[PDB]
Amino acid sequence: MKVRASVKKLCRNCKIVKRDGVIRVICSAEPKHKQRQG
Amino acid sequence: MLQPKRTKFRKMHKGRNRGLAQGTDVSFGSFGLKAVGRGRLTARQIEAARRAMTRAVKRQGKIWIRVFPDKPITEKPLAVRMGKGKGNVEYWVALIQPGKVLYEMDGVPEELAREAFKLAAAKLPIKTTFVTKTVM
Amino acid sequence: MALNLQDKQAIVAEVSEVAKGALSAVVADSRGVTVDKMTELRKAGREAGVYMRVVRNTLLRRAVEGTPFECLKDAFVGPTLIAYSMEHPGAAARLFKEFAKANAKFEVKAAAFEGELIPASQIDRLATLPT
Amino acid sequence: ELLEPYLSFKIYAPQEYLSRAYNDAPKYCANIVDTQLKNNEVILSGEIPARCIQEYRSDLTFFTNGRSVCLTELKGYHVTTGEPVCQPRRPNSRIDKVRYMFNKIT
Amino acid sequence: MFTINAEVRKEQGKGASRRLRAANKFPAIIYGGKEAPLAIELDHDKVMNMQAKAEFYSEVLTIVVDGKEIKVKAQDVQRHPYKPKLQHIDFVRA
Amino acid sequence: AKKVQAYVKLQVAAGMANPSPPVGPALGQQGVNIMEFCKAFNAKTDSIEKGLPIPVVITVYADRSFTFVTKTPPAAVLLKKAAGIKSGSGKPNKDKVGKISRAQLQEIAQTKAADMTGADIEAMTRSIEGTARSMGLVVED
RNA sequence: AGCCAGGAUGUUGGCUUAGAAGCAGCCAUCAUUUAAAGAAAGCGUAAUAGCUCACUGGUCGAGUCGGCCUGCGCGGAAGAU
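Protein chains in written order, with the authors' numbering: chain 19, 1 to 38; chain 1Q, 1 to 136; chain 1J, 1 to 131; chain 1w, 534 to 639; chain 1Z, 1 to 94; chain 1K, 1 to 141.
Bear in mind the hints are in silico, worked out from the structure with no lab data behind them.
Just so it is clear, CB atoms sit at the ideal spot from N, CA and C, and this is done for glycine as well.
A couple of the hints might just be wrong.
As the list claims (entries may be wrong) - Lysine-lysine pairs mimicking DSSO-like chemistry, simulated, CA-CA at most 27 Å apart:
{"no.": "1", "chain 1": "1w", "residue 1": "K571", "chain 2": "1w", "residue 2": "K543"}
{"no.": "2", "chain 1": "1K", "residue 1": "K9", "chain 2": "1J", "residue 2": "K105"}
{"no.": "3", "chain 1": "1Z", "residue 1": "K85", "chain 2": "1Q", "residue 2": "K118"}
{"no.": "4", "chain 1": "1Q", "residue 1": "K123", "chain 2": "19", "residue 2": "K9"}
{"no.": "5", "chain 1": "1K", "residue 1": "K2", "chain 2": "1J", "residue 2": "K37"}
{"no.": "6", "chain 1": "19", "residue 1": "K34", "chain 2": "1Q", "residue 2": "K118"}
{"no.": "7", "chain 1": "1J", "residue 1": "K109", "chain 2": "1K", "residue 2": "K80"}
{"no.": "8", "chain 1": "1J", "residue 1": "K101", "chain 2": "1K", "residue 2": "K2"}
{"no.": "9", "chain 1": "19", "residue 1": "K15", "chain 2": "1Q", "residue 2": "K118"}
Unchecked claim - Derived DEER-like restraints, expressed as beta-carbon distance ranges:
{"no.": "10", "chain 1": "1Q", "residue 1": "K11", "chain 2": "1Z", "residue 2": "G15", "range": "35 to 45 Å"}
{"no.": "11", "chain 1": "1Z", "residue 1": "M50", "chain 2": "1J", "residue 2": "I11", "range": "30 to 40 Å"}
{"no.": "12", "chain 1": "1Z", "residue 1": "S58", "chain 2": "1Q", "residue 2": "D106", "range": "18 to 28 Å"}
{"no.": "13", "chain 1": "1w", "residue 1": "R553", "chain 2": "19", "residue 2": "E30", "range": "37 to 47 Å"}
{"no.": "14", "chain 1": "1w", "residue 1": "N572", "chain 2": "1J", "residue 2": "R94", "range": "50 to 60 Å"}
{"no.": "15", "chain 1": "1K", "residue 1": "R133", "chain 2": "1Z", "residue 2": "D76", "range": "27 to 37 Å"}
{"no.": "16", "chain 1": "1Q", "residue 1": "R18", "chain 2": "1Z", "residue 2": "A39", "range": "26 to 36 Å"}
{"no.": "17", "chain 1": "1Z", "residue 1": "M50", "chain 2": "1Q", "residue 2": "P109", "range": "46 to 56 Å"}
Work out the full structure, taking the sequences as your base and the hints as a guide.
Quick look at the structure:
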């Protein structure tokens, strides 16, 4: 999975999440848009 | 890559960058790209950003460039000792104090201009912000 | 949504269609079709013009806001989706029975054709119209 | 003026997989052609160049799921395609007075 | 609604104007006519919203000071170099 | 009144019996025979002028054939013989390719009204005349 | 903010006729039926069909969305007794 420091939203289905204090971008639609780091 | 056409002197002084720039207001186009930060811009960065936004406006409207290099920047070649002389010129920075307008835009929708200026603010080491023409 | 200058205007204009209006009938297409839009509204072209207003906005504070000024009984029709259809030419026009015949003609539902206020009656089918 | 043959190549594919055969069309150099369904079986009249036609057989063995079948034959000398206009040497040799044609170049 | 309350300045100079600039207020002055110029302190938070209208730079202002009203025009204005804020305005009397 | 199933509105001129270079597979994409679009397609064409591209409903059913109801040709191809020039848009506001007038285009409008959905003829007048403005044509009011 | 709805007939529109057709690129960017619909933001096709949002109804029933100005922080931040 992508680990880019920048995590601007790709598709409209993305949603910012801060699990364990780590910013993430979960995506119910396309798995490729899922990415770590932020 | 912009560059002065003949000059009084080739090599010149490093010099300090203290102060704030004169180029405050937008004076041509409908929208500008004011520098919040401070620092020299090489001639390549002007051209790189220049094409990164000319694309987004799709060759439409008009985009002035308020800054021009006019400052030679020498460089000692690699593996050379100190002394012997001031080094040969390489590139032409233009010092940018805070508040300087860089690019101006006209003939395009505003939020599109927000996109065109954003993708060209990416190419510039200095931190800039979007502005707008005022009634004085 | 547009502010009060446009919302009130939509209500006051409906009031003007009540002062000269009379017979009307409910309709509630919970699953309507645009082909059905070319039936009851095309019928208005068969009758006369665009003046008819299906106005499907039966909010208790919107369409019912004009109720105290015109026909107080209509506020009881307020619950659930409702679409008034005011008439001007021909008092007791034949448009009322069409809402029931269309419901059997692919319309799923039409608020059980309960009707409005000409005899101050209730959910009563009526073939007795000036024809 | 380089040109290549482009013989037509009809093929039979199942209708359910027939929509997957249209994806092979963009990869194939051939242009679309008329075809008609035949009950559960389906077929369509293609026409693609012979240089890439030999790879078309690999496409019906995969997207067809084993139901693929096709057939064609060479026809139509017209074609023409890029790029560079490469040519196959060489012509010609073992003929009388051939070395004098080299003088004509300069 | 072109009206701005404004207390009179008491300490002119670059020193006191820095302390005042940080307090969400900026210095200003009214001048013109046979009368001598009078410096006019005024709030920054209010005027910053007013300039957005094209009329603020054209139609006459009615700044109130010490009870007395003084109609003025925005003949001149000084932008902050990069922060979105005003620094000083020349309210020429109308 | 069953909804969408397989019907489409695409075929070229009505005089072109059994088209193939134009439509071709598209009409044969369903189980309908290619012969269905010439032996029966011309059965209504003979009633009126030939060669006019008239869309028609093609609601295919499992029972071999299909029901259909002819409609009205588009106004774009109508602006040729009745407009003189066979051209149209491409250069709209930049120059005047042609012009007619309201006295004539409104006169044709009610012939298409059998397919058009309008409360009144005047409401269907400018909706058709406004399509010629997309062509760059300037109606003479 | 969610929720069953709706989200149109010619637009197979002229175009370089091999096709672009709400969505390659050109322009116009109509107007109607109307609680509402851009003659189109994205997806999906050789092209269509198809799937959403714009917007607008009802259910619902109290506050909410989006920028600026900054304070303090998060991530970006991996080295060898």
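Now the hints, each set against the structure:
Using a Cα cut-off of 27 Å, the hinted pair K571 (chain 1w) and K543 (chain 1w) holds, with the two alpha carbons roughly 14 Å apart. Distance hint between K9 (chain 1K) and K105 (chain 1J) is fulfilled; the C-alpha atoms sit about 26 Å from each other, no more than 27 Å. Between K85 (chain 1Z) and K118 (chain 1Q) the alpha-carbon distance is near 22 Å, which keeps this suggested pair within the 27 Å criterion. A C-alpha spacing of about 21 Å is found between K123 (chain 1Q) and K9 (chain 19), which places the hinted pair at or below 27 Å, so the restraint holds.
Distance hint between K2 (chain 1K) and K37 (chain 1J) is fulfilled; the C-alpha atoms sit about 16 Å from each other, no more than 27 Å. A distance of roughly 24 Å separates the Cα atoms of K34 (chain 19) and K118 (chain 1Q); the hinted pair therefore holds under the 27 Å criterion. With a CA separation close to 46 Å, the supplied pair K109 (chain 1J) and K80 (chain 1K) exceeds the 27 Å bound. A C-alpha spacing of about 19 Å is found between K101 (chain 1J) and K2 (chain 1K), which places the hinted pair at or below 27 Å, so the restraint holds.
Straight-line distance between C-alpha atoms of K15 (chain 19) and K118 (chain 1Q) comes to about 23 Å, which keeps the hinted pair within the 27 Å bound. Distance hint check for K11 (chain 1Q) and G15 (chain 1Z): the Cβ-Cβ separation is about 42 Å, which falls inside the suggested range of 35 to 45 Å. Range check, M50 (chain 1Z) to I11 (chain 1J): Cβ separation about 37 Å, and the 30 to 40 Å hint holds. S58 (chain 1Z) and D106 (chain 1Q) have their C-beta atoms about 22 Å apart, which keeps the hinted 18 to 28 Å range intact.
Separation of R553 (chain 1w) from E30 (chain 19) is about 22 Å and departs from the stated range, judged on CB atoms against 37 to 47 Å. Remark: the range hint 50 to 60 Å for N572 (chain 1w) to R94 (chain 1J) is upheld by a beta-carbon distance near 52 Å. The hinted window of 27 to 37 Å between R133 (chain 1K) and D76 (chain 1Z) is violated, with their beta carbons roughly 50 Å apart. Between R18 (chain 1Q) and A39 (chain 1Z) the beta carbon distance is about 30 Å. The supplied range of 26 to 36 Å therefore holds.
For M50 (chain 1Z) paired with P109 (chain 1Q), a C-beta distance near 27 Å fails the hint of 46 to 56 Å.
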